[PDB]
Amino acid sequence: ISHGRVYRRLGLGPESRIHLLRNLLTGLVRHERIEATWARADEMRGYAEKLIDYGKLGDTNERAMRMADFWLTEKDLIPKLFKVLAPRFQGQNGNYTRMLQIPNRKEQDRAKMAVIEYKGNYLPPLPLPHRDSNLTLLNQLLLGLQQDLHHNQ
Amino acid sequence: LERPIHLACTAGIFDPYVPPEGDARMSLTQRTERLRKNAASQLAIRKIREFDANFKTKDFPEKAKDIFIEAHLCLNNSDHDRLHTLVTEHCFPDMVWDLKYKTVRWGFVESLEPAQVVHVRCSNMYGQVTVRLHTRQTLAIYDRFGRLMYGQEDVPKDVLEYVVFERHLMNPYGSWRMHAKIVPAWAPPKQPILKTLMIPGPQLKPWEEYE
Amino acid sequence: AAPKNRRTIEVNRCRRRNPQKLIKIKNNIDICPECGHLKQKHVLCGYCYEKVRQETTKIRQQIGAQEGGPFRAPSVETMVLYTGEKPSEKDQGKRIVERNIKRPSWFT
Amino acid sequence: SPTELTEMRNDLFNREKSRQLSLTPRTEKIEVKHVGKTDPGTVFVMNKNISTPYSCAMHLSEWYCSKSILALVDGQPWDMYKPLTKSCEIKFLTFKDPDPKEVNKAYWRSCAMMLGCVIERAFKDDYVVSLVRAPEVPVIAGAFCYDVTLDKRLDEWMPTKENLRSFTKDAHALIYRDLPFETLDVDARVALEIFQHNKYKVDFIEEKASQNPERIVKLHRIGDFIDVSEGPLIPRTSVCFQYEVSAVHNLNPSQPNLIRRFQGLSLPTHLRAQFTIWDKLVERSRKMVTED
Amino acid sequence: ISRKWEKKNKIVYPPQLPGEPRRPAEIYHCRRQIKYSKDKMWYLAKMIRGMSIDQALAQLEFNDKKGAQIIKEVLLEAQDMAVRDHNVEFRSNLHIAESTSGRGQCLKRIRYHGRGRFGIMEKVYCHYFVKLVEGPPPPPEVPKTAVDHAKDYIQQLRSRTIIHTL
Ligand SMILES: [Mg+2]
Ligand SMILES: [Mg+2]
Ligand SMILES: [Mg+2]
Ligand SMILES: [Zn+2]
Numbered sequence: 009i010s011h012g013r014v015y016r017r018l019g020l021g022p023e024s025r026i027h028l029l030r031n032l033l034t035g036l037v038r039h040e041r042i043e044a045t046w047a048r049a050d051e052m053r054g055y056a057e058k059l060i061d062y063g064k065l066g067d068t069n070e071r072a073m074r075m076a077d078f079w080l081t082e083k084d085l086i087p088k089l090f091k092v093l094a095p096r097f098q099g100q101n102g103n104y105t106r107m108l109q110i111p112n113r114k115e116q117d118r119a120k121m122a123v124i125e126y127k128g129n130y131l132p133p134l135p136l137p138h139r140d141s142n143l144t145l146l147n148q149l150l151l152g153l154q155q156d157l158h159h160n161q
Numbered sequence: 072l073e074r075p076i077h078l079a080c081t082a083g084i085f086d087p088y089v090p091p092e093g094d095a096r097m098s105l106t107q108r109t110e111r112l113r114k115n116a117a118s119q120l121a122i123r124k125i126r127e128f129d130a131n132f133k134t135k136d137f138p139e140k141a142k143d144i145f146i147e148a149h150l151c152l153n154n155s156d157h158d159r160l161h162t163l164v165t166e167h168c169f170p171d172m173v174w175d176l177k178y179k180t181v182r183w184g185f186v187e188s189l190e191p192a193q194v195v196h197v198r199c200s207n208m209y210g211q212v213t214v215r216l217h218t219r220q221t222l223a224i225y226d227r228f229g230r231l232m233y234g235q236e237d238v239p240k241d242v243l244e245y246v247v248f249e250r251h252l253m254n255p256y257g258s259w260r261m262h263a264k265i266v267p268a269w270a271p272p273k274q275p276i277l278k279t280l281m282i283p284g285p286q287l288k289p290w291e292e293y294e
Numbered sequence: 078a079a080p081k082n083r084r085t086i087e088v089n090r091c092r093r094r095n096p097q098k099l100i101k102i103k104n105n106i107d108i109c110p111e112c113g114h115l116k117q118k119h120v121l122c123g124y125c126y127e128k129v130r131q132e133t134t135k136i137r138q139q140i141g142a143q144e145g146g147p148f149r150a151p152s153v154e155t156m157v158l159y160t161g162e163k164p165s166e167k168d169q170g171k172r173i174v175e176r177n178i179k180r181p182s183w184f185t
Numbered sequence: 033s034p035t036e037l038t039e040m041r042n043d044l045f046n047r048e049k050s051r052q053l054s055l056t057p058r059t060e061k062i063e064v065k066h067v068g069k070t071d072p073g074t075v076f077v078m079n080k081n082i083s084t085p086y087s088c089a090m091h092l093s094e095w096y097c098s099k100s101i102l103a104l105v106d107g108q109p110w111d112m113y114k115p116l117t118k119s120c121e122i123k124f125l126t127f128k129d130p131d132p133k134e135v136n137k138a139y140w141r142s143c144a145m146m147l148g149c150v151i152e153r154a155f156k157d158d159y160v161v162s163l164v165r166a167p168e169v170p171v172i173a174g175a176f177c178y179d180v181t182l183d184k185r186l187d188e189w190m191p192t193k194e195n196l197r198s199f200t201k202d203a204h205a206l207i208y209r210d211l212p213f214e215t216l217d218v219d220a221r222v223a224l225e226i227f228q229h230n231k232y233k234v235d236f237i238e239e240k241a242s243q244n245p246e247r248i249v250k251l252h253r254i255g256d257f258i259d260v261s262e263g264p265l266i267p268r269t270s271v272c273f274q275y276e277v278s279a280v281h282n283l284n285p286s287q288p289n290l291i292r293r294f295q296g297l298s299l300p301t302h303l304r305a306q307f308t309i310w311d312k313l314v315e316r317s318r319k320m321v322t323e324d
Numbered sequence: 041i042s043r044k045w046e047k048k049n050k051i052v053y054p055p056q057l058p059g060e061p062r063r064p065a066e067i068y069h070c071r072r073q074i075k076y077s078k079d080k081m082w083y084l085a086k087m088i089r090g091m092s093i094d095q096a097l098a099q100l101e102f103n104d105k106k107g108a109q110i111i112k113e114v115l116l117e118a119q120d121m122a123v124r125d126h127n128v129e130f131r132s133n134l135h136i137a138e139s140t141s142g143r144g145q146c147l148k149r150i151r152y153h154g155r156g157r158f159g160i161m162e163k164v165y166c167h168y169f170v171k172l173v174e175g176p177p178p179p180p181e182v183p184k185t186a187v188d189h190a191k192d193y194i195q196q197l198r199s200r201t202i203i204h205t206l
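Chains as they are written, first to last, in full-length UniProt numbering: chain A, 9 to 161; chain B, 72 to 98, 105 to 200, 207 to 294; chain C, 78 to 185; chain D, 33 to 324; chain E, 41 to 206.
So that you can see chain A by itself, here it is in the shape it has in the complex:
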């Protein structure tokens, strides 16, 4: 009976879970694109989004600095969070991270894998799933339906 609980049980315990997640978050901020097991990447996605919000609060905020200090073990990253990532995501209200499933791991444990990144990074674009064009057969028929309904009141 684990109804309503919003966390995975990871690592050696609750504290170990935080540290495992913290290490992934630290890697994500530095490199902006990280591969982990799909479950662990999903666990860390929420923290990645909330960290940007703390960065938006501002450099001078004391709580933001303490939060940034705890989560970014490599302390050179803290300037990056407040002066690079937060300015980038000023317009958005959320959805800063992009997470997609990668083919399973070829390492005899066949782990389910994911790629987690921050949006807007400098790295080569991921091969995202592109929806079909309006020129396809089904789309054109729907486009015809849309035009008639809009034009005819």
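Careful, some of the hints might be misleading.
[As the list claims (entries may be wrong)] In the DSSO-like style, the derived pairs of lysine-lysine whose C-alpha atoms are separated by at most 27 Å in a straight line are: (1) 240(D) / 49(D); (2) 128(D) / 69(D); (3) 75(E) / 101(C); (4) 98(C) / 80(E); (5) 101(C) / 44(E); (6) 312(D) / 201(D); (7) 98(C) / 44(E); (8) 133(B) / 264(B); (9) 44(E) / 171(E); (10) 86(E) / 177(B); (11) 137(D) / 250(D); (12) 278(B) / 312(D); (13) 101(C) / 86(E); (14) 288(B) / 128(D); (15) 250(D) / 273(B); (16) 120(A) / 118(C); (17) 156(D) / 193(D); (18) 127(A) / 171(C); (19) 240(D) / 133(D); (20) 171(E) / 179(B); (21) 288(B) / 99(D); (22) 240(B) / 278(B); (23) 78(E) / 106(E); (24) 124(B) / 135(B); (25) 80(D) / 278(B); (26) 148(E) / 106(E); (27) 118(C) / 127(A); (28) 83(A) / 135(C); (29) 163(E) / 105(E); (30) 69(D) / 123(D); (31) 50(E) / 179(B); (32) 177(B) / 142(B); (33) 142(B) / 264(B); (34) 105(E) / 288(B); (35) 61(D) / 240(D); (36) 171(E) / 278(B); (37) 120(A) / 101(C); (38) 98(C) / 105(E); (39) 105(E) / 118(C); (40) 50(E) / 98(C).
What the hints contain is simulated information worked out from the structure, not anything from laboratory work.
Add chains B, C, D and E with the ligands to chain A, keeping to what the hints say.
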């Protein structure tokens, strides 16, 4: 190797005779040409006479023709034992290597024109005689499963080929055996395989890009 | 508790060939438009993804040389330029990573 | 009798096939190069006038066979089952291409032809049904249209809902048969002979023959049914999955000969539609279509 | 040990006469000493039975089992020799007629236990066999209709005879 390896034939042709463009006609001339190159080739004939003494260009084409017909007919029966006597060790793998697990039906239709010796050479000592053959033949090759993959069951097509025979003059038990065929550049292309082929393009790893 | 009788191959064949124990056939396998290799509908193409990361490693390798040591992350945005490209006015005051190869067609 | 026309028309169709098949003696090899994005550079050594683009797809893999609806031979759309004629570069088109304009037309034309086949055999042999034309309508119109002239006896009978439902049942039967769309490029003379009785078809053949420098006219056959075509068609009738004969509308200026336009919608297996989406599209396919 | 599966590719039939259906090609291939349980390999071999070559490869590429890659590699080798050596025209025109696993020669080792007791462990090997038959996969299985079931029942009734009498 303590014992020297024994070779009864030599791979290749000592001097590859170049057929004259247009020779495939009127199906003299080439008869004169062997006379014309007598210095290069008659001397070879003279040496062949010494070790043989019964080598007459007049009668060799008949014997040379006979070997050609019989050698191929072994392919139908697949009598490799006979065929080894008829052809040299250089010729044998070329004829038979790709016919394994296949059945070939080959027959000889009447010869269009008389066979003629066209070029001979000598080198312990080997003597090679090139002969010119124009003949109509039939060929059909099948799969393991009996399905036809090449040729037409029974239609005669005229063939002009130049076949090199060879003999080991020194050996007492040597004989004239089919050795090689010289293909002229001007020859028309042979019939294509019945089936259709895919020639794969370059395979590229993720790093690479097509060009 | 230990077995009271040997289990016959007739019983055993019913256990290990029951449909519940068989490998399910997958209906979500599709071919990738760009590379022409196989993929699952909900999963990224592994061939195309393989291209992206190996280019990423090349970029990150160049980054390591420029920084030269740990704890040298910039406080300014980063940008990658390939041979034949020069920083624009908007590119002013941003770390530039230089790559010997030409700009990949897919990368823009 | 109508059965006789099917027999005689089929005989002429087969006679032309053998004549062209016999026309090519021996085997001549044509090199056709794959120019598509995937598997680039592959060269298919095919036989002239016998092999088809489907055979090239067979060499590569089953994905090409299942997903390829059309081929681009030297920049022109070709039927998958139309024998290749000369050395060229070939590319395979699918329904999910970024701009599948040519594929959409071929699917639309084929579905219209399937409508004609159903109509001919639907009515009782007592009445006389004559196929006039299949107007070329944009896919945006929302339905494919086939024009037909029924007997004067039915000059004021209109199909009911059950009658229209009956038509779709025949169409689905055609799909289940999985009949390949045979292709012939034939000179006017033979096409006119096959379609001598139908005045409407005859004039259409004349137009489509004058258009080309020679008298070549495209003929396509589904089973026994035969028809003239505006261009390339789908490989097989199994491509269609959802099919509907939406409605029939009488063309008002048809006093000399009452022409009734038949309308329907279809979608391939590759692009299926959800239940609700299909219903809404079907409703919009029951409205008149004006060729533009 | 016996190695008859390899020999089957050497059978040569006589030329077919003009009035006869074209014989489909058959290719036999195997990989012998595979470090993998035959019981485990059966499931992978079972799944691809009857499928086309491309369909079998697609399913194997996305299976997480160790044996899937082994079977896939064998299937690709079988495909190449079919076209290269057995006069198969189209690579795609192939289906899995037979696919099964057999026991290999195994090695006996010692499994240590708690109190100086031991057990005999087996280092298991297995073989994998396939036959590829040219042509589309045979049509799938069609279940009996209700009318077919009724017809069989009536035949049983009509077969009844008066038993143990003249
Ligand atoms: Mg939960
Ligand atoms: Mg122990
Ligand atoms: Mg045991
Ligand atoms: Zn891809």
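Hints, one by one, checked against the model:
{"no.": "1", "hint": "240(D) / 49(D)", "result": "holds (20 Å)"}
{"no.": "2", "hint": "128(D) / 69(D)", "result": "holds (14 Å)"}
{"no.": "3", "hint": "75(E) / 101(C)", "result": "holds (24 Å)"}
{"no.": "4", "hint": "98(C) / 80(E)", "result": "holds (11 Å)"}
{"no.": "5", "hint": "101(C) / 44(E)", "result": "violated (32 Å)"}
{"no.": "6", "hint": "312(D) / 201(D)", "result": "holds (20 Å)"}
{"no.": "7", "hint": "98(C) / 44(E)", "result": "violated (31 Å)"}
{"no.": "8", "hint": "133(B) / 264(B)", "result": "holds (22 Å)"}
{"no.": "9", "hint": "44(E) / 171(E)", "result": "holds (13 Å)"}
{"no.": "10", "hint": "86(E) / 177(B)", "result": "violated (34 Å)"}
{"no.": "11", "hint": "137(D) / 250(D)", "result": "holds (16 Å)"}
{"no.": "12", "hint": "278(B) / 312(D)", "result": "violated (50 Å)"}
{"no.": "13", "hint": "101(C) / 86(E)", "result": "holds (11 Å)"}
{"no.": "14", "hint": "288(B) / 128(D)", "result": "holds (26 Å)"}
{"no.": "15", "hint": "250(D) / 273(B)", "result": "violated (36 Å)"}
{"no.": "16", "hint": "120(A) / 118(C)", "result": "holds (15 Å)"}
{"no.": "17", "hint": "156(D) / 193(D)", "result": "holds (18 Å)"}
{"no.": "18", "hint": "127(A) / 171(C)", "result": "holds (18 Å)"}
{"no.": "19", "hint": "240(D) / 133(D)", "result": "holds (22 Å)"}
{"no.": "20", "hint": "171(E) / 179(B)", "result": "holds (20 Å)"}
{"no.": "21", "hint": "288(B) / 99(D)", "result": "holds (24 Å)"}
{"no.": "22", "hint": "240(B) / 278(B)", "result": "holds (20 Å)"}
{"no.": "23", "hint": "78(E) / 106(E)", "result": "holds (12 Å)"}
{"no.": "24", "hint": "124(B) / 135(B)", "result": "holds (17 Å)"}
{"no.": "25", "hint": "80(D) / 278(B)", "result": "holds (12 Å)"}
{"no.": "26", "hint": "148(E) / 106(E)", "result": "holds (22 Å)"}
{"no.": "27", "hint": "118(C) / 127(A)", "result": "holds (23 Å)"}
{"no.": "28", "hint": "83(A) / 135(C)", "result": "holds (25 Å)"}
{"no.": "29", "hint": "163(E) / 105(E)", "result": "holds (18 Å)"}
{"no.": "30", "hint": "69(D) / 123(D)", "result": "holds (9 Å)"}
{"no.": "31", "hint": "50(E) / 179(B)", "result": "holds (10 Å)"}
{"no.": "32", "hint": "177(B) / 142(B)", "result": "holds (26 Å)"}
{"no.": "33", "hint": "142(B) / 264(B)", "result": "holds (13 Å)"}
{"no.": "34", "hint": "105(E) / 288(B)", "result": "holds (25 Å)"}
{"no.": "35", "hint": "61(D) / 240(D)", "result": "violated (32 Å)"}
{"no.": "36", "hint": "171(E) / 278(B)", "result": "holds (23 Å)"}
{"no.": "37", "hint": "120(A) / 101(C)", "result": "holds (18 Å)"}
{"no.": "38", "hint": "98(C) / 105(E)", "result": "holds (14 Å)"}
{"no.": "39", "hint": "105(E) / 118(C)", "result": "holds (21 Å)"}
{"no.": "40", "hint": "50(E) / 98(C)", "result": "violated (38 Å)"}
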